[PDB]
Amino acid sequence: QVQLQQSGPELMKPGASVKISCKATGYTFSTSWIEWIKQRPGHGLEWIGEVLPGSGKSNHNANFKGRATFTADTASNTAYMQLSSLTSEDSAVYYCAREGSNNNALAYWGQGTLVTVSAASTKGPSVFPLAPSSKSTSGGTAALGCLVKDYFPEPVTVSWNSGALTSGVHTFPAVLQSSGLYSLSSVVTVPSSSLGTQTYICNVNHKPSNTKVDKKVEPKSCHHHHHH
Amino acid sequence: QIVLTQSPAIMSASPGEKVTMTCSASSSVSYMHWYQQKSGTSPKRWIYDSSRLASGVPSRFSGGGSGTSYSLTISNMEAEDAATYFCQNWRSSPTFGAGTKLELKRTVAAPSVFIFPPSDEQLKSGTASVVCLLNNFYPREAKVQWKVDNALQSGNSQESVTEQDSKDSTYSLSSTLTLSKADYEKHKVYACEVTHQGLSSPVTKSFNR
Numbered sequence: 001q002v003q004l005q006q007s008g009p010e011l012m013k014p015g016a017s018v019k020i021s022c023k024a025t026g027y028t029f030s031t032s033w034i035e036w037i038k039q040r041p042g043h044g045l046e047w048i049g050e051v052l053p054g055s056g057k058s059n060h061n062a063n064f065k066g067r068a069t070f071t072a073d074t075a076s077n078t079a080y081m082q083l084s085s086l087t088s089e090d091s092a093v094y095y096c097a098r099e100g101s102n103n104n105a106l107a108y109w110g111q112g113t114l115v116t117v118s119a120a121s122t123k124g125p126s127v128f129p130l131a132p133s134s135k136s137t138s139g140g141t142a143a144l145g146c147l148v149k150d151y152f153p154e155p156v157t158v159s160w161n162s163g164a165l166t167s168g169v170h171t172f173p174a175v176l177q178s179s180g181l182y183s184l185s186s187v188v189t190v191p192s193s194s195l196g197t198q199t200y201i202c203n204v205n206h207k208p209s210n211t212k213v214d215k216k217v218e219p220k221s222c223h224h225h226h227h228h
Numbered sequence: 001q002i003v004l005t006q007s008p009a010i011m012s013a014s015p016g017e018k019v020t021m022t023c024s025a026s027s028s029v030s031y032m033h034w035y036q037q038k039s040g041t042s043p044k045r046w047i048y049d050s051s052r053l054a055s056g057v058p059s060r061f062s063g064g065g066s067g068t069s070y071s072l073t074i075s076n077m078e079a080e081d082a083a084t085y086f087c088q089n090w091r092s093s094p095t096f097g098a099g100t101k102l103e104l105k106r107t108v109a110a111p112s113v114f115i116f117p118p119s120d121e122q123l124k125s126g127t128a129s130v131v132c133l134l135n136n137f138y139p140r141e142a143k144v145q146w147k148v149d150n151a152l153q154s155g156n157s158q159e160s161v162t163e164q165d166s167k168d169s170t171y172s173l174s175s176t177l178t179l180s181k182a183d184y185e186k187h188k189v190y191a192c193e194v195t196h197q198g199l200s201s202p203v204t205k206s207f208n209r
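Protein chains in written order, with PDB author numbering: chain H, 1 to 228; chain L, 1 to 209.
No lab work stands behind these hints: they were computed from the structure. For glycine and all other residues, C-beta sits at the position ideal for the given N, C-alpha and C. Among the clues, some could well be false.
Reference excerpt, derived from the structure (chain L facing chain H, CB under 8 Å, subset only) [said to hold, decoys possible]: (1) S30; (2) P43; (3) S200.
Result set (DSBU-like, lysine-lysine): computed pairs, CA atoms no more than 35 Å apart in a straight line [what the hints assert, rightly or not]: (4) L/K147 <-> H/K19; (5) L/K101 <-> H/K220; (6) L/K105 <-> L/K38; (7) L/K147 <-> L/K124; (8) L/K105 <-> H/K123; (9) L/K181 <-> H/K23; (10) H/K135 <-> L/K101.
Where chain L lies over chain H, by a calculated footprint (3+ residues, C-beta under 8 Å) [claimed, not checked]: (11) 24-35; (12) 104-117; (13) 120-132; (14) 144-152; (15) 203-214.
Okay, chain L solo, but in the shape it has when bound:
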């Protein structure tokens, strides 16, 4: 069967850069459709019949190609273009390509760090969650470590990271440290330490229980 290979699988582009993503077919195909998806929402029709923009799609997008190679081009990369783009052709199986995830390459931005002690309502249920928020940073690489009194913690926290913001192109990260109420009461100082390219030295946010 006809296979579609999108390249590159992941790309990052500076604002205003001209960006091209390709969709290659193992055998000749006569047209290509393109869909844009951002996390948490349905795919959107983007370019249809190879070159036709759906209503509302900005003119910076264009599409072309023939035979074994079709492409989607953005003439000047914008923050809102950070998304996954899938090519699609009904004579191919699978009919969708695996997607190109496009990111915006912005300037380095240091995280803003916040710490949140457990709520009274949670403590009453026998559990303590402490949350550390790293807000609006770039690039995505970040180290967050919990420190309880003298000691770095291991295996009792979980981190989650947002997709790149459509406006400012940053990421945010939450780290949640969870302990039983009884373990929580055994210690005094709760701290999260944050390392990031945008910081000259590690940032520590902390509170006393």
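So that you can see chain H by itself, here it is in the shape it has in the complex:
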């Protein structure tokens, strides 16, 4: 099973350098090139360069002006990309990828690493419950959620009940506010019948601020109409 495991998200100051890792398993490391791909919103996919582990050879997209350097530890089975003289232009998701076993298409991709370049300091989110609310006066279906508010930088992960609950889940794209901080919500719809006995917990991780929170979302104690 070919697998490429990348390092976590990073917040970097302008002018600094960042090094991203790509740990390979499932094949002979020295037999395939590792490709590096950059993705910014509304700008598709950009080829950065590539490294052939144990050969001393790498190729570079000239548009990076020598700022991207690649290495690979043959024994370790890990490839690395270093990007120097960082600016906001470098704020992007970066993937490593391996080409086909018998072909040149990018067959296997790492999960991606989000790098944010900013002068602003990291800020962890506050996680607020969105208590179940009924879809109609009749009852039957309830929406509940978590508000993940005022963090920097991206990304955050949100799951429900440790990944056990996925049906009906909507996690919204983050909104960048005038304050320079992000907020998002994650909601889920569930049967009204489940509210009395099923626990609903949103699991939130904001890696850059080392903030990891599990928030139980409880029904409100009181409402203003007769029970459904």
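Given chain H, work out where chain L should sit, using these hints.
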């Protein structure tokens, strides 16, 4: 250098329709690769060497072409096909096309609207966020407006919309109205009003603080 132009940039197709997206090269190229991406995940190898499906790709997908024109075809559009598709050729620069964003054209569906007052935990920190959820609607166009007592609100809310659902082809939208606790306490009725093609008249959800 050889440039790749994908057309159309955005397309919407009914379920079961045969859909073709094109990748045109400014000069002849000998093969084309295709990748599928859905928001929040890595691109996936989809079609390689022009016509070869990656393992797991449904048989409704096929690819072809030669020279200055290559294409990807779906013989019968499915909900799960809503995605962005990029063509790629190593002799082109940029090596990736800019992508075709494919949407599923389903029947009109009215939003289900929910409102959420601020949590006690938030209020204790000096802020009040009220959230309005518009769940599972189609098409994407929607108006959400906040109304506080007699007056429509402006500039104190932010909206976010999901990508099309891979199963039911709908969108959802969240609107969050944020006020200081002191401004929140000055008013009684908090309402969100929702207009959508699927509704015969506007829907208002509301609570008293």
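Do the hints match the structure? See the list:
Because the closest C-beta pair between L/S30 and chain H is about 12 Å apart, greater than 8 Å, the hint is violated. Hint status for L/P43 relative to chain H: holds, with the closest Cβ pair at about 6 Å, below 8 Å. Hint status for L/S200 relative to chain H: violated, with the closest Cβ pair at about 16 Å, above 8 Å. Between L/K147 and H/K19 the CA atoms are separated by roughly 49 Å; this puts the pair beyond 35 Å, and the hint is violated.
With a C-alpha separation of about 41 Å, the suggested pair L/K101 and H/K220 falls outside the 35 Å cut-off, and the hint is violated. Our distance criterion of 35 Å between C-alpha atoms is met by L/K105 and L/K38, whose separation comes to about 17 Å. Restraint check for L/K147 and L/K124: the C-alpha separation of about 24 Å stays at or below 35 Å, so the hint holds. Of the supplied pair hints, the one linking L/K105 and H/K123 is violated, its CA atoms being roughly 40 Å apart against a limit of 35 Å.
At roughly 48 Å between alpha-carbon atoms, L/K181 and H/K23 are farther apart than 35 Å, so this suggested pair is violated. For the hint pairing H/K135 with L/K101, the CA-to-CA distance comes to about 32 Å; that is within 35 Å, so the pair holds. With 0 residues having a Cβ less than 8 Å from any Cβ of chain L, the region 24-35 of chain H misses the three-residue criterion, and the hint is violated. Coverage of the region 104-117 of chain H by chain L holds [criterion: at least 3 residues with CB-CB distance below 8 Å; count 9].
Counting residues of the region 120-132 of chain H whose CB falls under 8 Å from any CB of chain L gives 5; the rule of at least 3 is met. Coverage of the region 144-152 of chain H by chain L holds in this model, with 3 residues showing a Cβ closer than 8 Å to a Cβ of that chain against a need of three. Check result for the region 203-214 of chain H against chain L: violated, 0 residues qualifying (beta carbon to beta carbon below 8 Å, three or more required).
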